[PDB]
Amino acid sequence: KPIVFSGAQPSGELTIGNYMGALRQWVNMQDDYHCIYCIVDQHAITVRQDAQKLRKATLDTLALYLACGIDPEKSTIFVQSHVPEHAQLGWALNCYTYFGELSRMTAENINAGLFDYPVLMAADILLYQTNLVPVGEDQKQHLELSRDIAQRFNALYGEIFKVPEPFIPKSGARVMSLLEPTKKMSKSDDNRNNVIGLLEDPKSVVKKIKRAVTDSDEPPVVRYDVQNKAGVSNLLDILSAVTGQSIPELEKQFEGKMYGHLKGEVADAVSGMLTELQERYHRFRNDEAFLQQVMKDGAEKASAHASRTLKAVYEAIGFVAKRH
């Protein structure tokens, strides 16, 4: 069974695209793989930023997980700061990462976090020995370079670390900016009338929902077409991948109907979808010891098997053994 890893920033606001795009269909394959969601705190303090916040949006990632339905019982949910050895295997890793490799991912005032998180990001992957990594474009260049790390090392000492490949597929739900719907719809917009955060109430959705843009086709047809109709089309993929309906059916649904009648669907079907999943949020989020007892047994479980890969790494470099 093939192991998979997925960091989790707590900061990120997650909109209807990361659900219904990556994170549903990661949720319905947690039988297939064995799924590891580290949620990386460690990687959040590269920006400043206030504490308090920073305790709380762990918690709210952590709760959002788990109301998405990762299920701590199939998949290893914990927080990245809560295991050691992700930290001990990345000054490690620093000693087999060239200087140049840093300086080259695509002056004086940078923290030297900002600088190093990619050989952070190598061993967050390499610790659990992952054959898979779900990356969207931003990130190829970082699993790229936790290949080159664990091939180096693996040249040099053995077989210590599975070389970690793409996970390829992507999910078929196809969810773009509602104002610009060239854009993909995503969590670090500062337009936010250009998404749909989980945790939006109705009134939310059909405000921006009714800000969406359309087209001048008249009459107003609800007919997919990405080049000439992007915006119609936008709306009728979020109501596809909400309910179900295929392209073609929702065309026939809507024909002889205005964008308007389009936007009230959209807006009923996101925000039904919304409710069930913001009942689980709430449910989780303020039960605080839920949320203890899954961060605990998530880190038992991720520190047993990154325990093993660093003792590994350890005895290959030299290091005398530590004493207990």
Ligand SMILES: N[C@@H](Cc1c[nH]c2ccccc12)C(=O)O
The other form holds:
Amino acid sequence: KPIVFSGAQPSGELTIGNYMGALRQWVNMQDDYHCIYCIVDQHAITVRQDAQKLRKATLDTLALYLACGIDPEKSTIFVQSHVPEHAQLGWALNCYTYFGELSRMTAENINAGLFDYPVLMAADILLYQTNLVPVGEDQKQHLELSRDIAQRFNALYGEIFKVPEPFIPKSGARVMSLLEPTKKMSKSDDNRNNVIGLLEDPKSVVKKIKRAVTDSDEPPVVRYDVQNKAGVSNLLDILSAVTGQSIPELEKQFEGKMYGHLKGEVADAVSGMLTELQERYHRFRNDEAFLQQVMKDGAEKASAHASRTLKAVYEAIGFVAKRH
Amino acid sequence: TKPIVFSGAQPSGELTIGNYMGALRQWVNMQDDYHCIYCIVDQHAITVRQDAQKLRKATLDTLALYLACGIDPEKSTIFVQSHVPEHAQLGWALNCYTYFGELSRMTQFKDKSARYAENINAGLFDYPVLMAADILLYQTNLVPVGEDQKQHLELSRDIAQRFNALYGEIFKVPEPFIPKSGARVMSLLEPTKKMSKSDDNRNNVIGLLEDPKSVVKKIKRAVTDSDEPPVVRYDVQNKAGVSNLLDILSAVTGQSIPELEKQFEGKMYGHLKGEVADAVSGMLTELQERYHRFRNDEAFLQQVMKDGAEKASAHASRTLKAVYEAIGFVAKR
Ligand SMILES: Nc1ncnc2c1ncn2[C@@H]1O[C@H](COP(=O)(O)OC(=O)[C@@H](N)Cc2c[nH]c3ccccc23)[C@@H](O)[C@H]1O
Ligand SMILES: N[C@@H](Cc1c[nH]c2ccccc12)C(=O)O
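Instead of the form deposited without the ligand shown above, give the structure for the form solved in complex with the ligand, please.
First the chain shown before, then all remaining chains and molecules of the complex.
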């Protein structure tokens, strides 16, 4: 199988956009690819934050990914800091990365971790002979750097690394912000009323969906039109993504119906989806023995592959081999 | 337990009399008085592009040179940097508590960038943070280095204090141990420039593994000054070459500059250079004699690296565990 690598931020608070788009897509392709999920706690500390919240957030992220359907028997899921090889290769690749490349990444008070993390990201990918990396637009420059580092290192020492590719085909589900249906729903939003988080209760979902922007059409008509009726179209897309019903099916279902009925059905459908997900989440999250065993097994698998690459990197560079 | 000494040297170029006087001399003398840990910093060496065969050979050369200088593996921990993963691990973590402006202002980064304009890499920029990690891993009290590493060590102190201020008594704040004489041995044909272990002009340098006969000839050709009459006197501004020769003689013999100045009253630069040549040539002959016994004994060099890496890993893992707990990582099972 081709190897897929994804880096999951611990501090992230996932939305229905994250789940119904990319994550649900990838949960169903775990037998097609050798999928690797790395909870990137070493990347997280580039932003200063409360230590106890970071530890909590790492375990929250682990349980949530497991709740979404990531299978630790099929996929490799692990914590970044538990595999030393990431930091080790990170340093090695610094010496084959131009300062210029990092300065040009899209002043004196910035920490060196924030300046240097694209090299650690390159190490995260290249450690596991990664074939494919599913990235968003804002991470595309970083993937290109990892491809450039890999080719540069390979040209000097032979084919040590696989040159990774972006995972091109996009999810399918379109989830836009509730008060700004032109902008995509993103976990990074400051206006929380634009998003619906995966751990939101049914009362919170009703509140946010009720407030969601629609249009001033008279009569109100539930029809799909991203240009003229962005808000109503987003509500249809969300409902479609949840239930699997096509857009023209929903358009027929809501014939002669106001936006109040649509919003009611959207809220009900999303919370129906989020309840089964939350059940799994809280069950996994409160079982510390389960989470510890997943992290141990995951790190053991990751380390097996990671150490083989780093050995070849170290041999190529010419370091004296460690005496075990 | 004794206070801890930590220091390192790169397996790149060929270590000089400068590297000896500024660092290695002090390393040997500190072994009983303090708990000493010495490192061959191969991860730092690759910030300048190395040939793979040259790096491997130079790592083992440097190890053998420590042993030849008198670094006893029964007294001190001797290890290769890349053999202990914790250096790279704490190296990354400390990037997040190091400012960009601190690294860009570094003299060594600027000097090396001008020299290797075709390879101004991120490793060369990030050099001080990994160096800080090297020191802070072992609860280090003293760091014996030459004058040129003063700025790097000052940042290690700032990082340690900055980290401790947030999280508690995780690191010891290290102190420099820079010698009185021989802290910055200067180049023989350019006494205003520091002696480099990778100088393009070999006549500037006294290599520790260089033929003594070649070294004596280099001392004879070292530039002095136009003073009439010639006078053996210490004056860095006006008599840089003579002052550098006196500094080298002082560091090798243990005699003070005023003691040597009095000794060379009524003498000129022939006497000075004769004494410097005799003292240095005698030192290098003995050193090189021990070196080949160590360097050609691969089984012994392998055992030193194994034992040393094991001892270092025990200290390093303890510190990294505490660092990781403090910043809020989930602890490894
Ligand atoms: N002309 C000279 N005169 C007197 N002393 C000199 C001269 N040139 C060099 N030195 C000193 O030799 C030591 C090794 O230098 P390196 O370039 O190998 O290597 C260096 O410059 C360090 N960054 C290696 C290192 C890495 N991590 C560490 C942690 C603690 C101490 C040292 C290190 C140094 O002490 C240096 O000050
Ligand atoms: N930089 C990514 C996280 C990440 C770290 N390493 C990666 C490797 C591949 C993909 C993603 C990652 C983010 O901020 O979202």
